[PDB]
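Novice: Okay, here's what each chain looks like letter by letter:
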Amino acid sequence: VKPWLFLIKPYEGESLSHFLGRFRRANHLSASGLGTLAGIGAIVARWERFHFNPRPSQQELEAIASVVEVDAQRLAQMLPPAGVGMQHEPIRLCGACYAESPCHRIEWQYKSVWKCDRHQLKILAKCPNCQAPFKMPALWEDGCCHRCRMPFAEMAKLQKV
Amino acid sequence: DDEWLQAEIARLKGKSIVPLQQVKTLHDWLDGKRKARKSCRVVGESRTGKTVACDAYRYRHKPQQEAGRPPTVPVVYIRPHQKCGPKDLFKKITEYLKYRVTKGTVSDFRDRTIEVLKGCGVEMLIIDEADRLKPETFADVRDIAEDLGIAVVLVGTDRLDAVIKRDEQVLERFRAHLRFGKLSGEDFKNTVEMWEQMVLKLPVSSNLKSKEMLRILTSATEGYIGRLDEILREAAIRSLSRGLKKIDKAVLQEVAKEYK
Amino acid sequence: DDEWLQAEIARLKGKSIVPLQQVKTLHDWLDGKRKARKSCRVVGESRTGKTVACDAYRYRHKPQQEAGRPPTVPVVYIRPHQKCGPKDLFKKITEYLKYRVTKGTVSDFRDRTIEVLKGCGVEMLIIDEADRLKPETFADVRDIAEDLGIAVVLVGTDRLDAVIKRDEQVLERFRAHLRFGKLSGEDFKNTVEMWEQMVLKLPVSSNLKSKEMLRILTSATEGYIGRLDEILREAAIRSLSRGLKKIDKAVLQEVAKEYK
Amino acid sequence: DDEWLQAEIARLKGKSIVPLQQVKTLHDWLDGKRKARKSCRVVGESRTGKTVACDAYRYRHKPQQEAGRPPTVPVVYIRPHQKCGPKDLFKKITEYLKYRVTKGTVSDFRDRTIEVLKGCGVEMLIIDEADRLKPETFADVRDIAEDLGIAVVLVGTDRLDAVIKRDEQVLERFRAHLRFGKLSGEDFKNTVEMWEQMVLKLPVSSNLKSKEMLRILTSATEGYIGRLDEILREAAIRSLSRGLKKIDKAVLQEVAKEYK
Ligand SMILES: Nc1ncnc2c1ncn2[C@@H]1O[C@H](COP(=O)(O)OP(=O)(O)OP(=O)(O)O)[C@@H](O)[C@H]1O
Ligand SMILES: Nc1ncnc2c1ncn2[C@@H]1O[C@H](COP(=O)(O)OP(=O)(O)OP(=O)(O)O)[C@@H](O)[C@H]1O
Ligand SMILES: Nc1ncnc2c1ncn2[C@@H]1O[C@H](COP(=O)(O)OP(=O)(O)OP(=O)(O)O)[C@@H](O)[C@H]1O
Ligand SMILES: [Mg+2]
Ligand SMILES: [Mg+2]
Ligand SMILES: [Mg+2]
Ligand SMILES: [Zn+2]
Ligand SMILES: [Zn+2]
Numbered sequence: 001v002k003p004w005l006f007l008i009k010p011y012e013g014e015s016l017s018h019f020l021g022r023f024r025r026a027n028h029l030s031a032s033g034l035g036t037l038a039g040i041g042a043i044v045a046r047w048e049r050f051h052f053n054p055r056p057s058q059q060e061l062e063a064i065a066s067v068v069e070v071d072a073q074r075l076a077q078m079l080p081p082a083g084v085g086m087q088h089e090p091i092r093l094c095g096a097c098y099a100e101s102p103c104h105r106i107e108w109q110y111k112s113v114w115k116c117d118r119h120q121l122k123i124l125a126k127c128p129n130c131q132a133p134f135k136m137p138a139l140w141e142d143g144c145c146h147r148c149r150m151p152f153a154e155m156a157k158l159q160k161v
Numbered sequence: 001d002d003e004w005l006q007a008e009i010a011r012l013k014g015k016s017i018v019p020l021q022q023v024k025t026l027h028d029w030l031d032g033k034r035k036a037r038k039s040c041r042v043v044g045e046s047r048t049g050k051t052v053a054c055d056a057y058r059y060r061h062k063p064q065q066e067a068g069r070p071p072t073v074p075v076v077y078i079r080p081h082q083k084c085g086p087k088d089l090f091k092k093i094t095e096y097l098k099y100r101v102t103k104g105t106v107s108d109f110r111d112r113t114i115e116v117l118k119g120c121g122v123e124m125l126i127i128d129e130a131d132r133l134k135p136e137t138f139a140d141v142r143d144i145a146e147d148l149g150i151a152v153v154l155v156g157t158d159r160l161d162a163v164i165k166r167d168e169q170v171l172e173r174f175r176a177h178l179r180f181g182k183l184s185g186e187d188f189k190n191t192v193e194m195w196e197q198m199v200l201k202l203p204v205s206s207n208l209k210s211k212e213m214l215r216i217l218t219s220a221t222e223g224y225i226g227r228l229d230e231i232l233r234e235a236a237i238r239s240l241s242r243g244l245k246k247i248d249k250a251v252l253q254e255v256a257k258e259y260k
Numbered sequence: 001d002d003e004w005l006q007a008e009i010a011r012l013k014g015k016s017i018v019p020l021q022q023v024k025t026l027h028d029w030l031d032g033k034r035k036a037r038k039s040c041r042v043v044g045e046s047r048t049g050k051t052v053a054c055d056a057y058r059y060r061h062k063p064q065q066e067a068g069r070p071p072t073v074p075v076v077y078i079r080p081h082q083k084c085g086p087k088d089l090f091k092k093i094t095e096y097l098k099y100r101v102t103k104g105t106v107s108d109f110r111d112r113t114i115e116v117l118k119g120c121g122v123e124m125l126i127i128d129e130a131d132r133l134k135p136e137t138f139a140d141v142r143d144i145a146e147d148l149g150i151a152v153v154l155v156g157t158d159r160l161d162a163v164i165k166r167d168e169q170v171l172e173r174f175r176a177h178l179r180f181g182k183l184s185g186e187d188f189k190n191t192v193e194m195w196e197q198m199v200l201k202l203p204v205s206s207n208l209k210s211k212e213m214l215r216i217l218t219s220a221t222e223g224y225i226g227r228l229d230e231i232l233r234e235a236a237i238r239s240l241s242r243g244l245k246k247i248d249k250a251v252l253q254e255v256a257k258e259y260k
Numbered sequence: 001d002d003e004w005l006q007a008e009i010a011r012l013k014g015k016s017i018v019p020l021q022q023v024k025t026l027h028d029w030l031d032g033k034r035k036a037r038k039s040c041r042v043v044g045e046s047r048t049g050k051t052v053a054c055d056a057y058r059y060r061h062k063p064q065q066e067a068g069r070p071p072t073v074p075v076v077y078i079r080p081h082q083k084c085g086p087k088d089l090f091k092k093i094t095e096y097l098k099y100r101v102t103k104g105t106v107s108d109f110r111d112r113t114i115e116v117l118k119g120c121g122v123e124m125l126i127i128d129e130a131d132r133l134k135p136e137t138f139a140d141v142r143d144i145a146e147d148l149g150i151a152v153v154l155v156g157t158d159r160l161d162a163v164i165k166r167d168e169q170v171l172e173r174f175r176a177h178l179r180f181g182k183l184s185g186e187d188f189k190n191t192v193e194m195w196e197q198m199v200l201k202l203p204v205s206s207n208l209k210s211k212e213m214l215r216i217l218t219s220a221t222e223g224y225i226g227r228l229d230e231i232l233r234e235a236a237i238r239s240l241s242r243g244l245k246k247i248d249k250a251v252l253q254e255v256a257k258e259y260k
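Residue numbers (the numbering used here), protein chains in the order written: chain A, 1 to 161; chain B, 1 to 260; chain C, 1 to 260; chain D, 1 to 260.
So that you can see chain A by itself, here it is in the shape it has in the complex:
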């Protein structure tokens, strides 16, 4: 037998925040706990809210790669590519893309993205029924608005075309 963890395979276009949240919820860890295990401290707790004041470094991502067992390049593929500007707030979601695959796309957080290219829908910045801003992607235990308990996949037919 060899040391192991509840590994999670990353999605396509998922966020670093959402992937780390899924990794934590499948390992019953905590942001401080994940950081301490990785060896980088509370920096992880920062990444879950997209505060990349000092962009996630190559070392700070290799240390994560050692723990979550995902290749460092595959890790960088959930951060915005070098030079692309993202908004850490508000957290934005497309209902149809969540119904297709239950994840949060880092591409939704780009400053330049307002339309889902494969759904032709104006992506959502707040819950379309109760105007409740979405939580951090790592905090999505499941696909529902916290205040109104409306499933994320449902919101697809409330969001405008």
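Be aware that a few hints might be false.
Stated by the list, open to error - DSBU-like cross-link-like pairs, simulated, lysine-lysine; straight-line CA separation at most 35 angstroms: (1) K257/B <-> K126/A; (2) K87/D <-> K134/B; (3) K249/C <-> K257/B; (4) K24/C <-> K91/C.
What the hints contain is simulated information worked out from the structure, not anything from laboratory work.
Given the coordinates of chain A, work out where chains B, C and D with the ligands should sit on it, guided by the hints.
Specialist: Relative to chain A, chains B, C and D with the ligands alone:
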């Protein structure tokens, strides 16, 4: 055929919900407590079958998806951890609901659980193994019951009775109490003859709770429905594994020897 | 035949309860004292058959339990061990009602016993071998009979009368008695004939309880029902061990000279 | 008509208090002691009626409470159990005052005991069966009497006299005593006549408590109040059960021969 045998022994080894008279009268009692919104405390000796009855009750009144509002949940079934503080009780009562709270502090958590309880309009709070809670948490349970008008049903063994007798204000509101049944008397005959084919589901040897079988069972179970449950299931596993058609006297005497 | 022989010897080892005028009088008097909560003290010799009569009065009112309330046991029988203290006695009271105890002081045990006693609605408190418990517990049983109003029957040998005589309150409060008789007479012959018919359960060889057999049994048992049971069972088992279908004179002579 | 029989037997099963010169004398004695704050010790025989008369005294002048202030409970009546300790005495003393016990050590228990006693402004403390509680507690009852000035009164059998004899301080402080009488003679006849008038509450049968039944009662009860109660109630219930309207000589003779 060994695949069919393994499926059968998988059914046996799995804990199955089985209808009794006691579970039905418990359900009637709990419906009365719902319509009254009055606190109660079902108590009974170990392995008498309180947990399964409460689970069947909460499955009977399953939560309904509400369209205008977040869904309403009729009953909340929680089994806390041994010597767990009120923070963990609040965590469990929120997590049973679809809601979820992190960070914060104890006062924040109690406020949040008050809000989620009033939002869902929860009728009863069946706490399983109520004596696992720390005595300070019982004050919080009283506060929840008094502020939300929610019927709290304290499920546990006589240790729960001693624990609630230890403190005054905790026992103050739980005047009513339901004592569970040992099932002694002629009821053993009905329960055994029903369990012969209701649960086991094998070609019966027409035991029909025969004198030898019934007396060997009363020498091992003493009315503990859980006892007879696992004894009969394990004995059926032994009989089927060795290639026997139906159970016999030897396997019953062996399992009774290993039990007593 | 060997299996039949084993069944016969096993049955002969097991003791039975034939209802005769002694137990009839005892439980008639017990019902009379129960209907008025009159605390009495039945007394008698040793190895005469008082406990079996008590046992019968205990099982005849087999408790009928409701669906969701504590069972109503009207008659409570306890046989405290040698030098039984108050904690032990209360433990036995609450254990008979199927209420497992919780660790605590003597006051906690007393309170739990009082609670389960009033809740169950007991009518009788039968304390056999009541010459075993300490006198510091007779105050407790006095309080039980006084405040809770439960008729207590102190059962034991004539040494119980000596034990209670040196005390003050227990002798005056418990004064009604029912001494067990010797049974010698024509009723003794009826007893032995009935024992031959039912208890022995042997094939009808027309033993008929002849005069010589009656004289031998009178010289052996000295009027004791227990002595009669032991001698009859020993004779039957010894006859069945040597292949003799019925019970002859040699086995009776052998058991009589073995005993005296 | 059967329901009338049920009402009559229920009334007979319950025990009523019959006024008499002895209880009046006890009332006057306790009034004098409470007005004097004198620690007395009432004594008497077995089945002489001390507990009933003490209950009459505690029931006569009930605590007249203030609307929002603690009740001015003037009299505290307890009968601590066998070998009662100081903590148990405090528990009973605080449970009488309708003040729920707070868990703690003996020091804080005693503190809260003193505080509640002073808050209620108790005048006289009456302790039934005071021959049981251990001598470690008589020091504390002496402390209560000395520092608060409450008339401490002890009930018990004549063994209580020796119990206080073996110790010095309680032997001295509890020096006022009132021996319970035997009440036999012409006063016994008056008691019997008034018992037949009020306690039996049966139709006027012109029995008028004849001399023969006076002799029978003297030979059976020997003048004890409790024995008179027991025998009269048993005779009444036996007469009513068999359909008889009045009491008969045979019934009284039967209940007499069953007691002596
Ligand atoms: N109504 C029932 N139908 C079928 N099985 C039952 C029932 N009640 C109890 N059992 C059996 O009893 C066991 C579990 O009993 P359960 O936990 O409900 O009892 P309990 O008296 O609440 O005791 P404990 O608190 O010690 O768990 C299992 O073997 C289960 O199959
Ligand atoms: N009604 C009965 N029918 C059959 N056997 C009886 C009956 N009563 C007593 N016996 C016999 O008496 C013997 C034991 O009697 P039991 O234990 O009742 O005595 P006891 O009077 O309570 O005295 P002890 O204090 O000496 O035990 C056994 O052999 C039992 O079979
Ligand atoms: N005034 C009364 N009226 C009716 N019955 C009475 C009265 N006084 C005593 N009794 C009877 O006497 C019995 C209770 O007597 P009590 O408890 O006072 O006895 P005691 O001699 O103080 O007892 P102990 O020996 O335990 O100290 C009951 O049967 C009750 O009916
Ligand atoms: Mg259970
Ligand atoms: Mg015996
Ligand atoms: Mg008294
Ligand atoms: Zn989309
Ligand atoms: Zn919402």
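Novice: With reference to the structure, classify each hint as holding or not holding.
Specialist: Hints, one by one, checked against the model:
| no. | hint | verdict |
| --- | --- | --- |
| 1 | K257/B <-> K126/A | violated (66 angstroms) |
| 2 | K87/D <-> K134/B | holds (26 angstroms) |
| 3 | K249/C <-> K257/B | violated (42 angstroms) |
| 4 | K24/C <-> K91/C | holds (31 angstroms) |
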